[PDB]
Amino acid sequence: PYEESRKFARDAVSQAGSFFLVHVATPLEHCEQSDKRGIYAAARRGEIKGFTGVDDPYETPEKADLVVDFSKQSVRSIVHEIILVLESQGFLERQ
Amino acid sequence: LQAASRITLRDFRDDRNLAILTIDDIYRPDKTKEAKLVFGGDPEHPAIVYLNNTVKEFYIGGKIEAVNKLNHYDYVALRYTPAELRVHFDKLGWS
Amino acid sequence: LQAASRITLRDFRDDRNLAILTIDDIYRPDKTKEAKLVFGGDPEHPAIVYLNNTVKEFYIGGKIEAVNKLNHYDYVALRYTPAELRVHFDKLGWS
Numbered sequence: 007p008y009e010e011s012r013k014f015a016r017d018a019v020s021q022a023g024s025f026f027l028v029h030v031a032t033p034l035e036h037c038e039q040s041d042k043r044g045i046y047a048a049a050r051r052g053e054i055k056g057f058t059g060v061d062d063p064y065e066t067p068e069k070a071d072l073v074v075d076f077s078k079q080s081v082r083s084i085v086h087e088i089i090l091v092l093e094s095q096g097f098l099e100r101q
Numbered sequence: 002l003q004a005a006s007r008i009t010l011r012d013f014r015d016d017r018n019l020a021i022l023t024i025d026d027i028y029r030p031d032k033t034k035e036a037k038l039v040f041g042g043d044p045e046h047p048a049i050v051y052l053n054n055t056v057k058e059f060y061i062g063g064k065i066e067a068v069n070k071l072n073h074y075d076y077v078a079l080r081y082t083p084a085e086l087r088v089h090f091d092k093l094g095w096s
Numbered sequence: 002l003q004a005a006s007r008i009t010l011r012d013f014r015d016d017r018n019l020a021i022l023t024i025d026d027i028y029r030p031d032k033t034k035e036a037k038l039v040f041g042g043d044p045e046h047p048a049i050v051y052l053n054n055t056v057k058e059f060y061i062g063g064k065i066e067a068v069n070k071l072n073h074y075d076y077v078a079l080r081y082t083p084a085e086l087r088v089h090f091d092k093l094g095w096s
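Protein sequence lines, in the order shown, are assigned to chains A, B and C.
So the first sequence is numbered by our numbering: it starts at 7 and just counts up by one.
So the second sequence is numbered by our numbering: it starts at 2 and just counts up by one.
So the third sequence is numbered by our numbering: it starts at 2 and just counts up by one.
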């Protein structure tokens with residue numbers, strides 16, 4: 007949820023190789039409506055304290071290497087966008 | 002042959018019946034206007050010299066009905082219809 | 002659940018809804034007979050151990066309506082449906 011954290015991970019990992027941040031920007035409403043475990047429900051009614059999106063914030067990424075929406079795109083299409091970035095940076099030069 | 006006429010469109014390579022064109026008209030094209038604005042003009046241009054020498058005096062308009070695919074015996078694996086290619090791009094997540 | 006009930010068949014890998022089954026009946030199969038006639042009767046036969054320890058108490062029967070094809074992300078090009086294989090054999094004139 008926090009920019010400070012993601013920035014930390016990016017710096018930690020960069021010391022040894024490349025780091026890609028993919029923001030699965032699926033909208034909250036979509037996430038809640040599709041929740042099939044009742045966690046958003048419980049968090050809404052106080053059964054869980056400071057749940058992200060409900061009682062705790064989600065600092066939206068600003069310079070994400072790739073932004074995706076699970077509401078608007080299928081997974082194979084999203085996976086493929088990710089594969090395309092990797093391919094385009096020479097990481098996947100296959101066998 | 003006059004409007005409302007149902008013709009069979011034949012394939013010269015094997016005399017296969019390909020399409021049935023139901024006429025809408027049988028007008029005679031201004032091969033001069035066409036060749037000037039549509040193909041730029043110049044009496045040399047390949048299409049023009051085809052237009053004047055090979056194209057018949059009149060065109061036969063009319064929507065079409067598909068009766069047979071049209072037999073190619075080479076590189077079937079490389080022959081794609083817009084449907085086929087759309088399905089392929091879809092299976093691969095290609096956007 | 003009951004005769005006439007319409008249920009959704011979900012994928013456990015990704016909670017995707019694959020089809021709506023419309024219940025014909027809800028019956029208690031005799032597993033001992035099933036295990037005997039179909040699989041041989043031997044208590045150590047895999048299918049039987051599975052029938053005895055994993056299969057539930059009742060069987061739900063019913064015609065299926067398809068909503069989505071299961072999602073697989075591996076070797077899509079090797080995954081053929083019977084229609085696809087049939088179109089393939091046909092194009093290459095395989096008989």
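Note that these hints are calculated values from the structure, not bench results.
Heads up, a few of these hints could be off.
Distance ranges between label pairs, derived from CB positions [what the hints assert, rightly or not]: (1) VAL73(A) - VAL39(B): 51 to 57 Å; (2) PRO30(C) - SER20(A): 41 to 47 Å; (3) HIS73(C) - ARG100(A): 17 to 23 Å; (4) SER96(C) - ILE27(B): 41 to 47 Å; (5) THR55(B) - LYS64(C): 38 to 44 Å; (6) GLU66(C) - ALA31(A): 30 to 36 Å; (7) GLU66(C) - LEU38(B): 51 to 57 Å; (8) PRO47(C) - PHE26(A): 19 to 25 Å; (9) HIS73(C) - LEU38(B): 33 to 39 Å.
Only pairs whose alpha carbons sit at most 30 Å apart, straight line, appear in this in silico BS3-like list of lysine-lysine [said to hold, decoys possible]: (10) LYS70(B) - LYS70(C); (11) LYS32(C) - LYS57(C); (12) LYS92(C) - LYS92(B); (13) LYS92(B) - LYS70(C); (14) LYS70(C) - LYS92(C); (15) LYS42(A) - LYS37(C); (16) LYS64(B) - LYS70(C); (17) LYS69(A) - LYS13(A); (18) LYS64(C) - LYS70(B); (19) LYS92(B) - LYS70(B); (20) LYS70(C) - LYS57(C); (21) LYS92(B) - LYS64(C); (22) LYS78(A) - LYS57(B); (23) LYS34(C) - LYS57(C); (24) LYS13(A) - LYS55(A); (25) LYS37(B) - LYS57(B); (26) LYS57(C) - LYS37(C); (27) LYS42(A) - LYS34(C); (28) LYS42(A) - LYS64(C); (29) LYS42(A) - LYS92(B); (30) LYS70(B) - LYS37(B); (31) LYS78(A) - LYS32(C).
Note that CB positions come from ideal geometry on N, CA and C, so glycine has one too.
Hints versus structure:
Between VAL73(A) and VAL39(B) the beta carbon distance is about 45 Å. The supplied range of 51 to 57 Å is therefore violated. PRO30(C) and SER20(A) have their C-beta atoms about 59 Å apart, which leaves the hinted 41 to 47 Å range violated. Range check, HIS73(C) to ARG100(A): about 21 Å between beta-carbon atoms, so the 17 to 23 Å window is met. For the hinted restraint 41 to 47 Å between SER96(C) and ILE27(B), the CB-CB distance of approximately 44 Å keeps it satisfied.
For the pair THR55(B) and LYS64(C), the supplied restraint of 38 to 44 Å is violated, since their beta-carbon distance comes to about 59 Å. In this structure the hint that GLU66(C) and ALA31(A) lie 30 to 36 Å apart at CB holds, the actual value being about 33 Å. At about 55 Å, the CB distance of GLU66(C) to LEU38(B) agrees with the hint of 51 to 57 Å. For the pair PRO47(C) and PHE26(A), the beta carbons lie near 43 Å from each other, so the given range of 19 to 25 Å is not met.
Taken as a hint, the range 33 to 39 Å is violated for the pair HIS73(C) and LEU38(B), whose Cβ atoms sit roughly 53 Å apart. At most 30 Å may separate the alpha-carbon atoms for a hinted pair to count; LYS70(B) and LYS70(C) meet this at roughly 29 Å. Our distance criterion of 30 Å between C-alpha atoms is met by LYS32(C) and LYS57(C), whose separation comes to about 10 Å. For the hint linking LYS92(C) to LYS92(B), the alpha-carbon distance of about 20 Å falls within 30 Å, and the restraint holds.
Of the supplied pair hints, the one linking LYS92(B) and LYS70(C) holds, its CA atoms being roughly 12 Å apart against a limit of 30 Å. This hinted pair checks out: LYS70(C) and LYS92(C) have alpha carbons roughly 24 Å apart, not beyond 30 Å. In summary, the hint linking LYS42(A) to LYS37(C) is not supported, as the alpha carbons are separated by about 39 Å, beyond the 30 Å threshold. A distance of roughly 36 Å separates the Cα atoms of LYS64(B) and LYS70(C); the hinted pair therefore is violated under the 30 Å criterion.
For the proposed pair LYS69(A) and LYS13(A), the alpha carbon gap of about 10 Å is at most 30 Å, so the pair holds. This hinted pair does not check out: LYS64(C) and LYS70(B) have alpha carbons roughly 35 Å apart, beyond 30 Å. Between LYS92(B) and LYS70(B), the direct Cα distance comes to roughly 24 Å. Compliance with the 30 Å bound is thereby established for this hinted pair. Simply put, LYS70(C) and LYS57(C) have alpha-carbon atoms about 25 Å apart, close enough for the 30 Å limit, and the pair holds.
In summary, the hint linking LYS92(B) to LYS64(C) is supported, as the alpha carbons are separated by about 27 Å, within the 30 Å threshold. Of the pairs offered as hints, the one joining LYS78(A) and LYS57(B) is violated, with about 52 Å between alpha carbons and a cut-off of 30 Å exceeded. Simply put, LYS34(C) and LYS57(C) have alpha-carbon atoms about 15 Å apart, close enough for the 30 Å limit, and the pair holds. Simply put, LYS13(A) and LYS55(A) have alpha-carbon atoms about 25 Å apart, close enough for the 30 Å limit, and the pair holds.
Between the alpha carbons of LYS37(B) and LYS57(B) the distance comes to roughly 18 Å, so the proposed pair stays at or under 30 Å and holds. At most 30 Å may separate the alpha-carbon atoms for a hinted pair to count; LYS57(C) and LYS37(C) meet this at roughly 18 Å. For the hint linking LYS42(A) to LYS34(C), the alpha-carbon distance of about 38 Å lies beyond 30 Å, and the restraint is violated. Under the criterion of a C-alpha separation no larger than 30 Å, the hint pairing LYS42(A) with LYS64(C) is consistent with the structure, at around 26 Å.
Under the criterion of a C-alpha separation no larger than 30 Å, the hint pairing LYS42(A) with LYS92(B) is consistent with the structure, at around 28 Å. The suggested pairing of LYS70(B) with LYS37(B) is violated, with an alpha-carbon distance near 35 Å, which exceeds 30 Å. A threshold of 30 Å between alpha carbons decides the hint, and for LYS78(A) with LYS32(C) the separation of about 45 Å lies outside it, so the pair is violated.
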